[PDB]
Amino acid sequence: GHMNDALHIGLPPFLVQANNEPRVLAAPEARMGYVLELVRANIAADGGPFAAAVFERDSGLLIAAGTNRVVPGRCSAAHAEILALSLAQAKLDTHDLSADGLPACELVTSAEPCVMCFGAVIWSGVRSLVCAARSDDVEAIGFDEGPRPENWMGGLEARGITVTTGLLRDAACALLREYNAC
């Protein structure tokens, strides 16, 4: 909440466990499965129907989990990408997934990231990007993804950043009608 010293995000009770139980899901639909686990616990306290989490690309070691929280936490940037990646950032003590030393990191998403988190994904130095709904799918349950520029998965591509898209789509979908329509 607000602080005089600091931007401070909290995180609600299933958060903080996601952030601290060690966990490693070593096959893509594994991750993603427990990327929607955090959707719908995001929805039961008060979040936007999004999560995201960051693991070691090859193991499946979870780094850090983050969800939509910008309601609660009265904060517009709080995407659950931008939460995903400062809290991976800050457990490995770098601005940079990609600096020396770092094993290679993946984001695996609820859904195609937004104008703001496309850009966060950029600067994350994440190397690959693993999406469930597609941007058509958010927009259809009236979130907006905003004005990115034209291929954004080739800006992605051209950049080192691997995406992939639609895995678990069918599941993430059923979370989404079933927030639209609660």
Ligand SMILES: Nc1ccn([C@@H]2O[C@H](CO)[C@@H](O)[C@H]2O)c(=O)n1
The other form holds:
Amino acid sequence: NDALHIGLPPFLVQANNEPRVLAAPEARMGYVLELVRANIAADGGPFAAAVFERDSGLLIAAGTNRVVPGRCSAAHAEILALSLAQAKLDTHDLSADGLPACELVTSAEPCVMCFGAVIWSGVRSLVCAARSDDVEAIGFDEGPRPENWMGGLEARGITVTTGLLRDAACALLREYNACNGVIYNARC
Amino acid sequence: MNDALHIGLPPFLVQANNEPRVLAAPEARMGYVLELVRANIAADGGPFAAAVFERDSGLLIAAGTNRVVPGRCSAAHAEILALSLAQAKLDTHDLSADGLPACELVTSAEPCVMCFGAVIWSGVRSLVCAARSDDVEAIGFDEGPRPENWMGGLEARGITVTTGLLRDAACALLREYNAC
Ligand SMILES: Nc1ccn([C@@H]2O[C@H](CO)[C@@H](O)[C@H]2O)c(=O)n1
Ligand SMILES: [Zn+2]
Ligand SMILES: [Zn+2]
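Write the structure block of the form solved in complex with the ligand for the protein whose form solved without the ligand appears above.
Zooming out: every chain and molecule, the one shown earlier first.
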């Protein structure tokens, strides 16, 4: 109660502690989707994200949705990934002098809150898997984002790419929803 | 710290989140939030503060301030901290959980797009702002690309919005921050 403290589950600490370099976009997203599955198993939401150095593929920090277990509605994957990267690099601005250009790789297009977080973070690129329609058509609300939000990011100098490994990302979302119920199911 | 995400709070804010406070009148609530603004500036933070109160009684639940630079966290806006600390105190991610008294976010200035979203997901049923978006822009702070008619967006989701409460007092503090 004397500070904002969002604990990270073991698999996420593991992810943030082990050096990892993933050059290809598919490799980066593949890893982020692995975190989605691991997070679901760790009582978290079906969302994950990670900040990588854009030009080297070095993983800086990863985050996942810890809203329920962390008793914090702001604990979205993007918020955690961006904040943990900033804490590690010791700056609130990921585009600060001397720092490498950063990229946020996310399992799904950001909700309105994370959309804003991306703009303030300093990352220079956003790479998404599942599309907004995918998540919303599955019961996930992205919230009221501004018109042509992608264009807005582009105007902020933030490059946007979406649909990367979309099929696998959507499969994981539907898999989560298939088990998102109170009635026990051994398959879950 | 390494593992978890840990945003430390300055002395005045730790105190604000532990001392009993019941402020019935909206102006009393905002007056207190503005006091946190000045204290935050003295504590190397941005000129913004916010607090979550029980809407009817005025019982203070939690307070937050802009700790972006000293906390090395761009998401550490006043609103994010206030809503998050309130959720931690009430043991839930949803401030609208059945049984909980209606909550209200009293903030020193209209929210940026990130905090606009945070308010929506928080469970608060009311938002009360002092300084207007234009006042914030007037000292170099960006509200970001918020959707058209953001206030209507909140009202459409069951969140009442009040703006301009003690606006001039809030602006006096914003201008002072800019000058110094
Ligand atoms: N892009 C998105 C979309 C949704 N969510 C999460 O799933 C819940 C319902 O949409 C939301 O409450 C939130 O936990 C998310 O983290 N990120
Ligand atoms: Zn989000
Ligand atoms: Zn904000």
